[PDB]
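Participant: Spelled out from the first residue to the last, the chains are:
Number of protein chains: 2
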Amino acid sequence: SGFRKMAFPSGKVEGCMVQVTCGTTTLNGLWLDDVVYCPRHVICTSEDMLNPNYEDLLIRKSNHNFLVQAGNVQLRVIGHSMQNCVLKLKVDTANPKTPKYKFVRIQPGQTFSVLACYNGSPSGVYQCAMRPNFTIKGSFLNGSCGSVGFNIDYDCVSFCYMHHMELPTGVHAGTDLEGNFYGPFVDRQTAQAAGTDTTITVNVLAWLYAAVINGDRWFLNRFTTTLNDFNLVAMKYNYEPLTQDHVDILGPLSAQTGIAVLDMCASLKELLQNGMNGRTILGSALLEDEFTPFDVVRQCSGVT
Amino acid sequence: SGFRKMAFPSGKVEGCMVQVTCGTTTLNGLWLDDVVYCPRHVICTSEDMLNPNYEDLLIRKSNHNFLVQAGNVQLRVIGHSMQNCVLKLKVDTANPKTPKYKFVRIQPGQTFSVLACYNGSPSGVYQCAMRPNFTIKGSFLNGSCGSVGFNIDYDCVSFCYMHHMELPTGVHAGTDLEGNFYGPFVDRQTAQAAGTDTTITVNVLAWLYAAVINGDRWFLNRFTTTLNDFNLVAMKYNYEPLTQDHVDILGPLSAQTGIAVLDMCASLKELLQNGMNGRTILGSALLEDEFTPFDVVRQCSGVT
Ligand SMILES: *CC(=O)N1CCN(S(=O)(=O)c2cccs2)CC1
Ligand SMILES: *CC(=O)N1CCN(S(=O)(=O)c2cccs2)CC1
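Respectively, the protein sequence lines represent chains A and B. So for the first sequence, this note's numbering puts the first residue at -3; every next one is plus one. So for the second sequence, this note's numbering puts the first residue at -3; every next one is plus one.
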């Protein structure tokens, strides 16, 4: 029993982290096979960051200007290219610790583990979600850029995020491993405001199911609702609209608990309208939205 | 910026997890040098668990009855001994992936990462604290026993916990790596009630400092207090008494923020007396007590 905000074991990703230095800028790279992936802004002076022309800046850079260090051993760079907002550094050595891997672009509401690194060295692991405004609420200091987000399916690491930016509001923006930003963000030190950070309704419902499974039941009520009625309430509380796709996705948790999804919706509706009245659910005084239905099933069944 | 509930990178501990089977009971072991550590209740049938006599049960067990599997390779057991509530299985092979390590017995209020495992395979990592009643609030299913808690100091893993028990209230009890239970708990399926789960005051203050550092300031007030006055309020709210040792420990966060510890105490006092009024601090509607002052400094400075 018990339900925790749980990250994937990070070992497979620890074995992929290196230090990239270009001039006086040091950040993290991901070493997979004979390619090191890092944020293209490694080539910038923080002056350049005001209005960088990355193609123009890159002309002035050679393979030997990219200093790649894996533990305390230097890798030889034999090639470099820009793909969107990431650099691919070709090195003469395949990472011997390359796990089975994919690059996936996740949807908003999807959760992932971050291995926070400084100078290519892991400092910690935590669980995130891609917010509906395509930000993440991370823990990232200067030097953390090139830290990656990932899911694991048994032996296969799916990389979904690389850290690039802190917005003025202290939320985070980054790319998939093809260098494409999540959301409308750009690797430029300019005015970038996030949109509405709405609550991930399907994740809140998943976590309400996790609470019932784990003995926290006080919030279960005698009511049901409809998707349309529930959605009026969600709109009013800046919750994401619930679709039949979400209802289908919660089917297994529905089955296990014998609580109809629309009944749990009616419970969530009362919690939005009445608040928690100083009570908690799985040790939280607010409705947690950074567990997917998949996360809840994984943790409640004990997948390795 | 940003502040997350952050676990140590788990790679060094992933490399230590094995499967121990005795008869029809499978749980996890920790392989360090040529010793595998696991919960002694591995030798029990769940019938035995009602009133086990472990010395008597152990007589009926030989080295060859302990099946130790590291990935998909069996280790040869050449010796076994009971130390308190753990078994030490001597194997003929040193774990090639043994990190630098210590066994430490932590104090209540101290935080640690748990690598949850099933059949010797890591499933997830999360951050815990030793509660003042010597329980932890974990995420542990059947098969998770022998999962370990740890801190890392650069290269040295300090093992502080091994998972043994779920209490009827769904909180967790376990041992240090010398097999001594935290608290008054015993590896017996009997009536064991936890004492008062008080709030770790010094940890709440550390997290209030982390909030100020990270731009969450609304709760800072114009008041100060004394240790004696603050402690009257703490007593009333089942918060741990604050000592001068705690004040000294918060000194660095005091210095960095320019907020006197006793001023931050007065802020905490108002939050206890007035509540959050529907506001949040670092994304939480309750006062977080599972970050130590050391954790806050580590995360806010970016130690690897
Ligand atoms: C994003 C990241 O981790 N970076 C880019 C900025 N540099 S830096 O310019 O060297 C700075 C260091 C402290 C303040 S800016 C660090 C790596
Ligand atoms: C604590 C732990 O992880 N254990 C001990 C109990 N066994 S068991 O008896 O095989 C059970 C499996 C499911 C219910 S009890 C599993 C390992």
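Everything labelled a hint here was simulated from the structure, so no lab data went into it. One or more of the hints may lead you astray.
Here are the simulated DSBU-like pairs of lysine-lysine, each with C-alpha atoms no more than 35 angstroms apart in a straight line [to be verified]:
(1) A/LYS86 with B/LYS133
(2) B/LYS86 with A/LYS98
(3) A/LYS232 with A/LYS133
(4) B/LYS86 with A/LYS133
(5) A/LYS84 with B/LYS86
(6) B/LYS96 with A/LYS98
(7) B/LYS133 with A/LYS133
(8) A/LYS93 with B/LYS57
(9) A/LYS93 with B/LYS96
(10) A/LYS84 with B/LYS93
Participant: Is it true that the CA of B/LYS96 sits at most 35 angstroms from the CA of A/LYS98?
Facilitator: holds (32 angstroms)
Participant: For the pair supplied as a hint, B/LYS86 and A/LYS133, is the alpha-carbon distance within the 35 angstroms limit?
Facilitator: Not OK: B/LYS86 and A/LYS133 at ~45 angstroms, beyond 35 angstroms, violated.
Participant: Assess, step by step, whether the Cα of A/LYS86 is no farther than 35 angstroms from the Cα of B/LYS133, and give holds or violated.
Facilitator: Since the Cα atoms of A/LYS86 and B/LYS133 sit roughly 45 angstroms apart, the hinted pair is violated (cutoff 35 angstroms).
Participant: For the pair we were handed, A/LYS84 and B/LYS93, check the Cα-Cα distance against 35 angstroms.
Facilitator: With Cα atoms ~31 angstroms apart, A/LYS84 and B/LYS93 stay inside 35 angstroms; holds.
Participant: Between the alpha carbons of A/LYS93 and B/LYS57, is the straight-line distance 35 angstroms or under?
Facilitator: Measuring from Cα to Cα gives roughly 39 angstroms; hence the hint is violated.
Participant: Against the 35 angstroms threshold, does the CA-CA distance of B/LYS86 and A/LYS98 hold or violate the hint?
Facilitator: At roughly 39 angstroms apart (the allowed maximum being 35 angstroms), A/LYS98 and B/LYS86 break the hint.
Participant: Would the hint linking A/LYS84 and B/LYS86 be met if the CA-CA limit is 35 angstroms?
Facilitator: violated (47 angstroms)
Participant: Measure nothing beyond the straight line between the CA atoms of A/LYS93 and B/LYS96; if it is 35 angstroms or shorter, mark the hint as holding.
Facilitator: holds (20 angstroms)
Participant: Taking only the CA atoms, is the gap from A/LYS232 to A/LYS133 under or equal to 35 angstroms?
Facilitator: Holds. A/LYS232 to A/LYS133 sits at ~23 angstroms (cutoff 35 angstroms).
Participant: For B/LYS133 and A/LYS133, compute the direct alpha-carbon distance and say whether it is at most 35 angstroms.
Facilitator: holds (24 angstroms)
The earlier numbered hints that this structure contradicts are 1, 2, 4, 5 and 8.
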